[PDB]
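K.L.:
Chain by chain, the residues run as shown.
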Amino acid sequence: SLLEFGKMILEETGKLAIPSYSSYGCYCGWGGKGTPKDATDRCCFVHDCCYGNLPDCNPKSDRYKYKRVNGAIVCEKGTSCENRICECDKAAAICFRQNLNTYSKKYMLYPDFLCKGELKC
Amino acid sequence: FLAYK
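Sequence order for the protein chains is A and B.
So the first sequence is numbered by our numbering: it starts at 1 and just counts up by one.
So the second sequence is numbered by our numbering: it starts at 1001 and just counts up by one.
Just to be clear, a hint being listed does not mean it is correct.
[Said to hold, decoys possible] Using 20 Å as the maximum straight-line C-alpha spacing, the simulated SDA-like pairs for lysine to any residue come out as follows:
id, chain 1, residue 1, chain 2, residue 2
1, A, 60, B, 1002
2, A, 7, A, 55
3, A, 67, A, 94
4, A, 116, B, 1001
5, A, 105, B, 1004
6, A, 7, A, 115
7, A, 106, B, 1002
The hints are simulated quantities; they were obtained by calculation from the structure and are not laboratory data.
Could you put the whole structure together from the sequences, leaning on the hints where they help?
P.N.:
Have a look at this one:
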């Protein structure tokens, strides 16, 4: 679920999901179109595609269970949707962590008109 | 705040 994903992001990166990742670039928060602005934005692009692979799941509301094994994120067995949603979120949180080095505040609240074109998953 | 990734 969205709130769960948000806590995973905070635990991983030390940034609050809102507002750090909720309106970043072309794809973070309300992704949709255009060339991703940077690596972090690409993490959201891929996450969007990841959710897109699950058209009969409900990532915003469906809660999955996971644990931290030392620092490792380990998705625990739930429903198929939950498992798949968890893997999507786990990947995004790791991706955000791996790209904190290039995260740029200038992309927060990035305006829609600067995001044009369809990029295929 | 419930929405936004």
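K.L.:
Taking the hints in turn, state whether each one holds.
P.N.:
Status of the hints after comparison with the structure:
no., hint, verdict
1, 60/A with 1002/B, "holds, 9 Å"
2, 7/A with 55/A, "violated, 24 Å"
3, 67/A with 94/A, "holds, 14 Å"
4, 116/A with 1001/B, "violated, 28 Å"
5, 105/A with 1004/B, "holds, 17 Å"
6, 7/A with 115/A, "violated, 28 Å"
7, 106/A with 1002/B, "violated, 24 Å"
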